[PDB]
Amino acid sequence: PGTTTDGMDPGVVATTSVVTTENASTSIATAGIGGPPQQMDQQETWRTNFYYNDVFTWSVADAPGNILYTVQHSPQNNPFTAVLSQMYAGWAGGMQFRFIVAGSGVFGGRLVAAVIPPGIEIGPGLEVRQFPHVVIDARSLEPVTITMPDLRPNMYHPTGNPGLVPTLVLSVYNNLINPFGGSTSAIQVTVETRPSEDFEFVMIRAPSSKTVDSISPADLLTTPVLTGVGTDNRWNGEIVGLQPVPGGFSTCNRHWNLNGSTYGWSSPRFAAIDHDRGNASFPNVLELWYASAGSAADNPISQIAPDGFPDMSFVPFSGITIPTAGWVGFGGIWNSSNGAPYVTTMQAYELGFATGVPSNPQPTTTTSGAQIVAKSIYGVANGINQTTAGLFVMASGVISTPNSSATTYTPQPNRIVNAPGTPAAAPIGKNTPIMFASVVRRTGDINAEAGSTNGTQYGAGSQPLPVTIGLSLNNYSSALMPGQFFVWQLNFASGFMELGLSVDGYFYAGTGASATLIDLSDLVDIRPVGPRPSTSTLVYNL
Amino acid sequence: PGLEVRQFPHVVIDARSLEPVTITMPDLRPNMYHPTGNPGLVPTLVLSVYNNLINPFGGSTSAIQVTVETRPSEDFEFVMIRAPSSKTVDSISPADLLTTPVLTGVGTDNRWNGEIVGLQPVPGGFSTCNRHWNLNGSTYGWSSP
Amino acid sequence: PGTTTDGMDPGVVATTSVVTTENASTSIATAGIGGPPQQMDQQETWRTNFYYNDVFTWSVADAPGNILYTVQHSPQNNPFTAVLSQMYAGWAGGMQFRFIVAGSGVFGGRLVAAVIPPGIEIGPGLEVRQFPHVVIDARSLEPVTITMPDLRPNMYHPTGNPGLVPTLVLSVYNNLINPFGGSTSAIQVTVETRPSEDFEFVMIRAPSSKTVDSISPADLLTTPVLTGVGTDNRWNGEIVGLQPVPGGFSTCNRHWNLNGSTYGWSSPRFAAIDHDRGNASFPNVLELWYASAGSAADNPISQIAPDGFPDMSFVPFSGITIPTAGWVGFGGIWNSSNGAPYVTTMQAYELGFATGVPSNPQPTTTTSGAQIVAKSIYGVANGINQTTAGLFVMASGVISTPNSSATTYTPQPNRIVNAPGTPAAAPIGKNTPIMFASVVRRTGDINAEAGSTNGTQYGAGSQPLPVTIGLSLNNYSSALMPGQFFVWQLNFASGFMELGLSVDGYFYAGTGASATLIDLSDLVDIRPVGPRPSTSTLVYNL
Amino acid sequence: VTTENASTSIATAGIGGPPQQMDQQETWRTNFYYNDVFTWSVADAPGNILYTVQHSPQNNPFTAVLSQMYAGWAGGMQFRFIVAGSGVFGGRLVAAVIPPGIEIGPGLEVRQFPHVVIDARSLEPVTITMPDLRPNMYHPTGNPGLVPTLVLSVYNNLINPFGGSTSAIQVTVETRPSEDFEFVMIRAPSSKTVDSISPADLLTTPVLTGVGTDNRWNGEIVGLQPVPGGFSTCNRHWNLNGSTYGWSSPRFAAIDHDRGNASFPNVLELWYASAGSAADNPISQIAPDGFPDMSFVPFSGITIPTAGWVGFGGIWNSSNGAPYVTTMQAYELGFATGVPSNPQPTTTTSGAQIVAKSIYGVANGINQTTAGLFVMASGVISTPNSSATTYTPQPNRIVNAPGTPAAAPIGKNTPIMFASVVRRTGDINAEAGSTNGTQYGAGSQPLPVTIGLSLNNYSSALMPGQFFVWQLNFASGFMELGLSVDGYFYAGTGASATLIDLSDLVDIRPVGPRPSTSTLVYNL
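Residue numbers (the deposited numbering), protein chains in the order written: chain C, 23 to 305, 311 to 569; chain B, 146 to 290; chain B', 23 to 305, 311 to 569; chain A, 41 to 305, 311 to 569. A prime marks a further copy of an entry chain.
The reader is advised that the hints may include incorrect statements.
Claimed, not checked - Subject to a maximum C-alpha distance of 20 Å in a straight line, what follows is the list of computed EDC-like cross-link-like pairs (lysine to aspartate or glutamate):
1. B':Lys457 to B':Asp531
2. C:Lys457 to B':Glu44
3. B':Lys457 to A:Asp552
4. A:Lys232 to B':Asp552
5. A:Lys232 to B':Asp84
6. A:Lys232 to C:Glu143
7. C:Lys457 to C:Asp531
8. C:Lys457 to B':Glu143
9. B':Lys457 to B':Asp28
10. A:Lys232 to C:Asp531
11. B':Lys232 to A:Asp531
12. A:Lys457 to A:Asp552
13. C:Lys457 to B':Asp546
Everything labelled a hint here was simulated from the structure, so no lab data went into it.
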């Protein structure tokens, strides 16, 4: 019966014009520069069965020619070839894909598939129906299997740096049609994989040896990073949610990219902020410290500001009323002659960026022509006037607030200070940049964590700290071409969604225009998917 | 939750199946036999949704039923007769805790000592400690049953 | 199985009386006058596979005899023969057409196909069902292939002018039926092609050489014309939408037809408006200027009006009233004797056609017997009385409005002035003519552009300017017969629609009685289709 | 026509399937066809390089056409050289094929590679073959990889014993494929490849025959004006990397700014604002989109500024967007410094202020601390009399932004500007040929070229130090025009300064790339 499918059954074998005997024979001949092939026993359980890769949705609103699914050729597309690549230096050959369509006998509609050769851009203007292709009906009962050959300009694929490869695309041929109309408007398709008969590894290597270029940043984002261990890269607090930003934003301090560089002035850690010379005065009085941005000689990362200095905008205040949504830190003033601290100046201070603070303090979001200012939000015991004086504050802060209430998430996009030349994160179609949210203490109610009737206060950061560390230590320069994401699937008990990482280090979600926070308390596991075009909408099925 | 069944060797079954489909579960064990008192390591069978069920008419009909039946395979056997009243090292199953007459007019509740005649859902939730035992044989209350 | 269709499979081969061996042998024998046949290698991948040509829609409202799809025999009906036709000067042979119907088992209805010999007029009135023909059911699962042979009276077809060729027609045989009623009332059909075994090219030529017959108009409308680069032909503003006009309208100024002719008085550009002899008076004051239509002696295009004068009717006003929906330009008065401007008459004016001006100014829409009037809308520093004075105004105008609010699109169809002999654009079946919309500045609030709180103001023109320039530089009379459109397809992110253009220069869409404005920001690309009969309904799947 | 590595090339190209388009008797394969021309003068020293091309299918018209429908290629090409010299000339050239990994530059020892030798008096053509010496199994069309180069350079310098007007000759190049050339893997003709397209279609006959307009005054182009001293222009100007340094988009529409200072302390209204504060503008923050890039001209009283940029508009209320109806006049606009107390012109955007002063008395003046400006961006030229003056702007009047590249003469190749007819205030009725003279404006690019450059990236079409050359054929005579990677146009007029009239232009055809140190033909 066609209603039952075993684990080794390919179903219907469909061929396009790219599968020829020349390609297979040439592949096997030229792979011989690396010696005899390894792991070729064709009777092993890891090689004869099909194993799961993905599942996608076909809706009645998808127009003809719209792309539904793409995959780039790699040994990372099968769970066991990925494990076995940890002990070899090269690979070659192709891989089979099995599609199962979960339709019914009354539906109508057709799909189409083709193999796209290297050097061609994958995007909405790609005309699949003008390549050699196969057409598949929506009523198909048996599985349909399609083979992607190894079309490569190299003799073999180096494990770290493979080079050009082909890709497989599936799109809509004719619209899915339901003759009854009504509420049922979509079906699902599942994809599985197994290696072709010419797949092979070459040249054994010690598992502890390091390839020159890393294969994939899949290991950075694992389940504990978002389920209770990782903390954000601005406030150092427990990540509990994802905040979309429909407008766009930019961030450079303690933010690394995939070329192993930062534009900021901080390290991936939280420590003490120390600068040796500043201006102190008090014209229960408020102390006032500042210096000129761009003269931090002790910092080898960047001469812009002392390591750990927050990248928010100073909000002015005076008299009685204390400021709002400022960055608060603990410490005081110390003498720069011997290092002793002036013991009477200890308080909580509000730190930030500003311009012209001797005469008129105006917030600025630029690092050029600005100055860095610290002001005590409360009165000190005994103030000090000095010409040269140091500063000492911790890197973990809280949020100033006048009353017991809570405000929006801090900081807001226009409050972030950036250096000249920093790339920005902007929407691409329905995909929107996001920030990572963590609950942060505030000075208006110092016993509120979660469930508090006074409200919940959130602090947002651009990257999880373990990701920032991993990007600062390794080099991922060859994993992503421009215009691609690296995608993970986030599984919940009720729904799932996808996260994309760009070459500039910003994370993305397919939220469109919504601005509500997404909660992570019911997350189960995280699974990697691999490179995909950034024009393709990221799934959001929560 | 977290076990990816679709990345083990597996079988797929359609919702339109007319004839029955039979699957065999073999005895993969690290010991020479299973004591009924404590059997040790055994394998597990799992059945799970592969693709969502669909009714093209919509409407009020939104579920179907599946029936399961069993019979032993040809290598199944027993050994070592014992007394029917003997107890085991591992705990007796809790299936006997709730028989028919417990809820059909013989059993009583544990706060008022009154004949139970219905079940009350509590969507909000609640907690209780007095005269309440857990499955580890312990209580946090101050009263005897 | 029947649910999978490969790229080389024709499916059911259905034949008619016109496909014979005598024709194929004679075609191959007589094509030899051109030399040895080129590109006739039977094993090449561009010949063995079918590739995409078109998709059309079959609806339950189509009556028997309605034509759904028709093409003249030509190399432009396959993409690779379209490519190769660029470098050859002659061709001969036939072509196969493969149809795939996207239905299901519950539908009913039939279609009919026939090959019409050359020399027979194609149009409404041709009874296709009284030629040899083939009938196809709406429940078909496998594809059906039909061959169109090369019946010609000459020894080969020159690419410059091919002469007589046959035509393929597909038409409704019995109405489509859905037994459930409901919202599902249409299905799709896909068309693919490949050359037949006697098809050949002859006589290599330079790729840049032109032909005796006119170039096809497909290049007149490329993607960037409507995606933020092209401008309209009345206000010179970036087109951002399409406005249907169910009532109809007519236009002559700056409007060309497909025979390379215009009835207006203006050149396809935007430069200053200049006339030398008119009356001037002002009985801070409003200044009046006017002349008699039919006296533009220095304009070689026509004598009706100076080159660049607007074609909108005049709204009279006096004193404290600022008119609504007037064309407004900036300029002043100058002395005709030495060409110097009266420097105190510079202001914003309003221009239009009128009659009985100095006594009882009334709006008009006929150029015969009218006057051309300009009047300042605000008070100038000092007025002037002259019995002969000239006019100079810039030709990129704005729309007057008394409040900060926005009015409807201007000009409304009944404010347009037309010279005698101008044809009209009336709805054809369900096909309705459209204008091209753009944002125009208004004097009520000069800072508003788009998405304002006070509102968005729209202008409208009959053609895009690049299209008008292309029609002015060429003659397209041999590309389109009367009763025909040239059709493009517009693909959006979600949905698609088709657009038509007639021999008189108007564009049409299949909107029906709808009057909503269609936005163009989410448009992906534009693809040409070809000539189609004007009674065929243009698809509107948005 | 064979190669010495044919069997290996064909065998290893089989990773992409069976070869396509390899029928050996097809007419497109058997004939030579035109590819390019270049020039050889008496001033070129031995070792100077005159012609270089990388191995690709773009070097033959029909392989160029065929590559639209394929995704890969392999094999070599044959080349042919045709010297247009005479019997009284004397000199030799040398040509060789350079393998990948060797630096190509001046002084390279072509004479010590295997080579052919070409005489200046040669009548029969001379041929050479380029095999496909590649380290990959095949070249993808969108990303080919490493390829060899063909190089031609001077062996013995050209001599002219008669010594007169003639000092250069031309050489024509034709190509056809070798026996082992092939294509692989069909693709859709509309699909996109990484490599850039050619720029030959940017310049066609209508652009200069009466349809095109220049990128500063939006006027119809009628002539070309050389600038022997050089100049630099940034606004509405794109390079071959798809970038600009100015603050404007390739379009003409009204100029608008929200906040600024206005005063009249029948009066002459004055509006000014500071540079670097155009917040709404997404191209640049220097100035509003469309503000002219010319220096300001101070004036007062009855004086009317000469050679000034003038537009039409007035002030408006920033609170609700309503205009002040009594301030409709003609204003002069530009860049200046010290604007309130002592206005002086500047030719830089750093620390300047944009100014808008009316040249005629307004209906009634306005005093406001904050106000807005609205002016149409197609402007005219202010003159105090009926007569015409020199073309505007002169190069000493053009505002530029820091880091903008300049254009300087190279040998006898001189940068040019494209000229259009502009109306003037003193005589607003004179158009062209009038008895009071003809006023000419000038710009740096034709607008269709600017739009095409802003829509696509041409970074792989022209390496630095090369021009792209077009033919300009007149009724009597012809000349050539060159385009550089910084966007400027060049002609071979040397020290001449007279305008060149395009009334009798007939056709424009593309020629090909050429080194910028070579001579461009001027036979008019």
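**OP:** For the pair we were handed, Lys457 (chain C) and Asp546 (chain B'), check the Cα-Cα distance against 20 Å.
**Re:** Since the Cα atoms of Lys457 (chain C) and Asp546 (chain B') sit roughly 18 Å apart, the hinted pair holds (cutoff 20 Å).
Original post:
Within 20 Å, alpha carbon to alpha carbon, are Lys232 (chain B') and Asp531 (chain A)?
Top reply: violated, 33 Å
**OP:** Would you mind confirming whether the straight-line C-alpha gap from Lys457 (chain C) to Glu143 (chain B') stays at or under 20 Å?
**Re:** The hint is violated at about 50 Å.
**OP:** Would you mind confirming whether the straight-line C-alpha gap from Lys232 (chain A) to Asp531 (chain C) stays at or under 20 Å?
**Re:** At roughly 25 Å apart (the allowed maximum being 20 Å), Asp531 (chain C) and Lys232 (chain A) break the hint.
**OP:** Compare the distance between the alpha carbons of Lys232 (chain A) and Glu143 (chain C) with 20 Å, and conclude whether the hinted pair is satisfied.
**Re:** Given pair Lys232 (chain A), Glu143 (chain C) holds - Cα atoms ~6 Å apart, limit 20 Å.
Original post:
Are the Cα positions of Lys232 (chain A) and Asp84 (chain B') separated by 20 Å at most?
Top reply: violated, 39 Å
Original post:
Given the proposed pairing of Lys457 (chain C) with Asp531 (chain C), does the C-alpha separation stay at or below 20 Å?
Top reply: holds, 19 Å
Original post:
Given the hinted pair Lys457 (chain B') and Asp28 (chain B'), is their alpha-carbon gap at most 20 Å?
Top reply: violated, 38 Å
**OP:** Quickly compare the C-alpha distance for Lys457 (chain A) and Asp552 (chain A) to 20 Å and report which way the hint goes.
**Re:** At roughly 25 Å apart (the allowed maximum being 20 Å), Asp552 (chain A) and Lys457 (chain A) break the hint.
Original post:
Under the criterion that the straight-line Cα-Cα distance not exceed 20 Å, is the pair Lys457 (chain B'), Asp552 (chain A) satisfied?
Top reply: violated, 46 Å
Subject >> Hint consistency between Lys457 (chain C) and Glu44 (chain B') [alpha-carbon to alpha-carbon, up to 20 Å] >> reply: This hinted pair is violated, its Cα atoms lying about 59 Å apart.
Original post:
Would the pair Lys457 (chain B') and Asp531 (chain B') pass a check requiring their Cα atoms to be no farther apart than 20 Å?
Top reply: holds, 19 Å
In summary, the structure is inconsistent with hints 2, 3, 5, 8, 9, 10, 11, 12 from the numbered list given earlier, while agreeing with the others.
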